[PDB]
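Visitor: One-letter residues, chain by chain:
Number of protein chains: 2
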Amino acid sequence: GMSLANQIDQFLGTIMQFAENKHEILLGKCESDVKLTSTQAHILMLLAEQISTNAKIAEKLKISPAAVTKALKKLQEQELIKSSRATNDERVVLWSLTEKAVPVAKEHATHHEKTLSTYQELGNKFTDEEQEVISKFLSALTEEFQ
Amino acid sequence: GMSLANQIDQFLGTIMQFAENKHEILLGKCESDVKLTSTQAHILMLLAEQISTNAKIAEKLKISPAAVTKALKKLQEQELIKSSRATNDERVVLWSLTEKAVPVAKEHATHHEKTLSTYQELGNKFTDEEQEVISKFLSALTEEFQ
Ligand SMILES: [Zn+2]
Ligand SMILES: [Zn+2]
Ligand SMILES: [Zn+2]
Ligand SMILES: [Zn+2]
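Chains A and B are the protein sequences, given in the same order. Using the working numbering, read the first sequence as starting at 1 and increasing by one per residue. Using the working numbering, read the second sequence as starting at 1 and increasing by one per residue.
Chain A on its own, in the form it takes in the complex:
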């Protein structure tokens, strides 16, 4: 029965507790021990879908080619991805998952879907009017953190 301010405080405290040293909030049992940044895991997820290039990656992930390079290089060092050259265009460097990465990508993607479906399920317990309230609260609150 605390104030909303206190409940918001506890909620955000619970998020930071839950995040521990991670920078991404993800639900779902987590088996992998492969320490990845979020940008790195998202490259993995992308490549689980389709062998891709740094251009297509930067575009898809809406980050800079430079940041894609940094992540690829780290992923590659960890032998989670491997570069190849496109058979039809020698200028084209492709990136794809190594077999070691496939479960890592598929796991992170499963987290994403588990998390999002949990939020959607929650969302669905509220009526439109309630969802607008929650959406307006979230927007206001998000603004305080940007």
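Just so you know, the hints here were simulated from the structure itself, not pulled from any lab data. Do not take every clue at face value.
Chain copies aren't distinguished; within one or between two, either way the pair holds.
To be verified - Straight-line Cα separation of at most 30 Å, DSS-like style, residue types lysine-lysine; simulated pairs:
1) 56 / 136
2) 73 / 62
3) 100 / 60
4) 114 / 73
5) 70 / 125
6) 60 / 22
7) 136 / 35
8) 136 / 82
9) 82 / 125
10) 106 / 136
11) 35 / 125
12) 125 / 100
Start from chain A and add chain B with the ligands according to the hints.
Guide: Positioned in the frame of chain A, the structure of chain B with the ligands alone reads:
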């Protein structure tokens, strides 16, 4: 105009972005550079109020005496607090801020009040019924993270 699940995702993403390497969400301009854990800063805030003992501290902060010891020892190493012995009872080890700590405590406390007052202000833009909605949403969401 995204789904609520997506907005919740973005919101939590914005929190993790905002937190960066911190484990406490705090609003307010931050000048101090004194790297502290949250438990350490809260001991500081306590001692800004009143010279205190490890017992009174563990009680007030609802953590174990053992965790108080760990924090005090770190604070003490950083010369942010100093131990003294109670003049009326030689068995009593008191802890108080060093002059260096006073602005650090007062700053962290100011963060707490700034953050909480910002949440309260936000809270106050919503009617009771809306606050219950937000409170119920927060509770449900908090449960997914515990
Ligand atoms: Zn996992
Ligand atoms: Zn992710
Ligand atoms: Zn500060
Ligand atoms: Zn604090």
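Visitor: Are the hints correct? Go through all of them and say.
Guide: Outcome of the hint check:
no.: 1; hint: 56 / 136; result: neither (34 Å within a copy, 41 Å between copies)
no.: 2; hint: 73 / 62; result: within (18 Å within a copy, 45 Å between copies)
no.: 3; hint: 100 / 60; result: within (23 Å within a copy, 49 Å between copies)
no.: 4; hint: 114 / 73; result: within (29 Å within a copy, 42 Å between copies)
no.: 5; hint: 70 / 125; result: neither (41 Å within a copy, 44 Å between copies)
no.: 6; hint: 60 / 22; result: both (23 Å within a copy, 29 Å between copies)
no.: 7; hint: 136 / 35; result: neither (35 Å within a copy, 34 Å between copies)
no.: 8; hint: 136 / 82; result: neither (44 Å within a copy, 47 Å between copies)
no.: 9; hint: 82 / 125; result: neither (44 Å within a copy, 52 Å between copies)
no.: 10; hint: 106 / 136; result: neither (33 Å within a copy, 33 Å between copies)
no.: 11; hint: 35 / 125; result: neither (35 Å within a copy, 41 Å between copies)
no.: 12; hint: 125 / 100; result: neither (39 Å within a copy, 51 Å between copies)
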